[PDB]
Amino acid sequence: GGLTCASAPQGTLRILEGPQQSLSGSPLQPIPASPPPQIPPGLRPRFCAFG
Amino acid sequence: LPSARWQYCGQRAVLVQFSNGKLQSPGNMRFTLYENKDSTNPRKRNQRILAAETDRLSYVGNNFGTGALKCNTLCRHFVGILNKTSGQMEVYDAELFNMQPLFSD
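These protein sequences, in sequence, are chains A and B.
Just so we're aligned, residue 103 is where the first sequence starts under the UniProt record's numbering, counting upward by one.
Mapped onto the UniProt record's numbering, the consecutive letters of the second sequence carry residue numbers 6 to 15, 21 to 115.
Quick caveat, the hints were computed from the structure, so don't treat them as lab data.
A few of these clues could be false.
[Claimed, not checked] Only part of the chain B face toward chain A is listed, based on derived beta-carbon distances under 10 Å: (1) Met-39; (2) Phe-41; (3) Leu-79; (4) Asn-82; (5) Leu-84; (6) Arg-86; (7) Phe-88; (8) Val-89; (9) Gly-90.
[What the hints assert, rightly or not] Partial pick of chain B residues on the chain A-facing surface, computed with a CB cut under 10 Å: (10) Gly-15; (11) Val-24; (12) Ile-59; (13) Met-99.
Quick reminder that beta carbons are idealized off the backbone N, C-alpha and C, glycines included.
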């Protein structure tokens with residue numbers, strides 16, 4: 103029950119949970135481009151010149 | 006690539027911090043440890059007081075009071091041996107103490 107002292111420890115192993123692999127996909131997923139505005143189909147002159 | 010073998014046996023390997031410096035000179039220093047009474051609660055496995063008397067001063071180390079370090083609750087401590095003959099890192103359980111010297115009241 104004396105509990106004598108011991109020598110100096112050489113190395114200290116650190117145990118830790120691993121990096122989060124297979125979380126990010128190898129291609130990227132962007133928000134798609136909002137489309138450029140279209141001229142709508144079915145546009146015709148509705149105004150006739152009077153008389 | 007050095008390797009070993011994990012073998013967990015289970021006993022506590024007490025580890026000591028000092029509040030004043032490294033030890034660096036082992037000599038004529040007593041070591042006794044003062045666990046709690048009641049084993050019905052888990053206080054027998056948690057409450058412990060370490061005494062390290064020298065002829066000059068004497069050092070007290072707790073596990074429960076204001077001054078106990080938070081490296082044994084938020085983290086677990088082990089002690090390896092690495093018997094390189096059989097090639098096994100057989101690993102015990104540890105606990106870290108931080109001793110304050112005792113002066114007055």
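Hints and how they fare:
Here the hint on B/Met-39 is kept, as its CB sits about 8 Å from the closest CB of chain A, short of 10 Å. The restraint placing B/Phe-41 at the interface with chain A holds, with a minimum CB-CB distance near 4 Å, inside the 10 Å limit. Nearest Cβ of chain A to the Cβ of B/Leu-79: about 16 Å, over the 10 Å cut. The hint is violated. Among the interface hints, the one on B/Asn-82 is violated; its C-beta lies about 15 Å from the nearest C-beta in chain A, farther than the 10 Å criterion.
The beta carbon of B/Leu-84 comes no nearer than 13 Å to any beta carbon in chain A, farther than 10 Å, and the hint placing it at the interface is violated. Interface restraint check for B/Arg-86: the shortest CB-CB distance to chain A comes to about 9 Å, inside 10 Å, so the restraint holds. Using the Cβ-Cβ criterion of 10 Å, the hint placing B/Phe-88 at the interface with chain A is satisfied: the shortest such distance is roughly 8 Å. A cut of 10 Å between beta carbons decides the hint on B/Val-89: the least distance to chain A is about 8 Å, and the hint holds.
Interface hint status for B/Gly-90: upheld, as the beta-carbon distance to the closest one in chain A is roughly 7 Å, under 10 Å. Because the beta carbon of B/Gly-15 sits about 17 Å from the nearest beta carbon in chain A, more than 10 Å, this interface hint is broken. Look at B/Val-24: its Cβ gets to within about 7 Å of chain A, closer than 10 Å, so that hint holds up. Interface restraint check: B/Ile-59 against chain A, minimum CB-CB distance 13 Å, threshold 10 Å, status violated.
For B/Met-99, the shortest C-beta to C-beta distance to chain A is roughly 9 Å, which falls under 10 Å, so the interface hint holds.
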